[PDB]
Each structure stands twice: as C-alpha cells, then as structure tokens.
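Yeah, one chain of the complex is gone here, protein chain that is, but the others are all in their spots.
Order as written gives the chain letters A and B; numbering starts at 1 within each chain.
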Amino acid sequence: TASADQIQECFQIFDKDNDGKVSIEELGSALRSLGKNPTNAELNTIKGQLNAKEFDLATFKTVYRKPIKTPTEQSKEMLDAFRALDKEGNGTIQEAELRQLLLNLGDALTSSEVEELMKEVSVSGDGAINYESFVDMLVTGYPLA
Amino acid sequence: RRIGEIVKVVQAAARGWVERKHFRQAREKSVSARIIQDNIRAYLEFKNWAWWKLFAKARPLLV
Partner (left out) sequence: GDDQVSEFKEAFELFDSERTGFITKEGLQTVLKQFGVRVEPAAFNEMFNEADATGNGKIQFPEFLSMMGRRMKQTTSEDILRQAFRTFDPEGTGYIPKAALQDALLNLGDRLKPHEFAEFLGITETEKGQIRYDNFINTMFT
C-alpha cells in the first residue's frame, strides 16, 4: 500500500502547476496510479461527497486510505466473470468479444484505453486470448515502485 | 444486462492497469528530472567554493 511519501509524490506529479490542487476529474486516475481501483459508481459517490471541482493533498490521502479495492481483491470477481463468458470451457475468450464488452457495456472504456490493454495481449490463430493471463496482467502488472 | 454488471469489475481493474502504466512513465521522468535539478542547483551553488575545489581534486584518490 502506498506510503505517505508515495502519496505526496503522486499528488505532486498530478499537480503540474504546483498550486496544491488537482482537478476532481483526475481523482480516479490518481487513486488508480497508486493501486486502488474504484468502479465508476464508487468514484462517483466519492466525488459527490467531496462536492468540489478540485482536491488537495490532505483530501487525497484521506480518500486513498479508505478500503477501495486493490487489484488482488478483484481477482475472484474477474475470474468468475470470465468463467461465465467462457463458452468452450478452455480458459479462453475471443479478443473480439472482450473488446466489445469493455467498449459497449457497463463502465465503458475508451478506445485508447482498450488499445493500450490489448497491445500486451497474446492472441491465437483463432482469435482467442487466455483470460486468466489477462486477469494476471491486470492484477500483477506495473506494481508500486 | 447481467453482463453489463459483471464486467464493471474488469473495467475497474483495466483502468487501474492503464493508470499504473502511465504513472510509472510519469514518475520515472519526474524522479530523474529531480535528480538532475538537484545536482545542477547544488553545483551552481558550490562551483567556486574552495572546499569544493579541494574535494573535487581529492575525489579521484578515494575508494
């Protein structure tokens, strides 16, 4: 979990103009940068509670230290989700279906986000991806410095 | 439907990975810039200091 020094460092990186404030539109990005993964719903509740267009470091610390799920806390739910989508029982999903779900349903990702995700994903000659490897990439990839 | 709901956790974890990736890059750049800044600023402050000149002369003799 991010130390106080790591939280400050992160905040300062987001606070490009050094005025001690970061736009509320970047709160999700900043939390995510330090290994906590709010859903859109959760983030919206947090933003609504802040009732502000920007936040300071003290606030960021307070918000971040709450029990927002880390990536390992999401493994079970992700694997359950992918298993429910697994037609063949072989641990794969078609990358085309994955792209569609990410982009068109739920808390839809942007095209740019989806291309960055898929750049690191091995696709077979029948267009299949191993979803546990994908989950593993999401959970273990780019850990805290 | 129910699919919209179950994929939200995958979307949340996917956003997390993208941001952690972006942040590693941004942090590496900021940390490196800081090291360079700190070294330049220090050097410009001590470059004509007699103790620096002496220390700099001795440095090659040190283990």
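Heads up, the rule we're going with is that a contact is a pair of C-beta atoms (placed from the backbone, for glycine too) under 8 Å apart; a residue touches a chain by one contact, two chains touch by 3 or more.
A.B. asks: When the complex is taken as a whole, what residues of chain B touch the one chain not shown?
C.D. replies: Looking at chain B, the ones touching the missing chain are residues 28-47, 49-63.
The rule we apply is simple: only the chains that are shown with their structure count from here on.
A.B. asks: When the centre of a chain is set as the mean of its C-alpha atoms, what distance in Å lies between chain A and chain B?
C.D. replies: Computed value for the inter-centroid distance: 22 Å.
A.B. asks: Can you tell me which positions in chain A touch chain B when the two form their complex?
C.D. replies: Checking each residue of chain A against chain B gives 9-10, 12-13, 28-29, 32-41, 69, 71, 74, 77-78, 80-82, 84-85, 101-102, 105-109, 113, 116-117, 135, 137-139, 141-143, 145.
A.B. asks: Please output the residues of chain B touching chain A within their complex, sorted ascending.
C.D. replies: Chain B residues touching chain A: 3-24, 26-27, 30.
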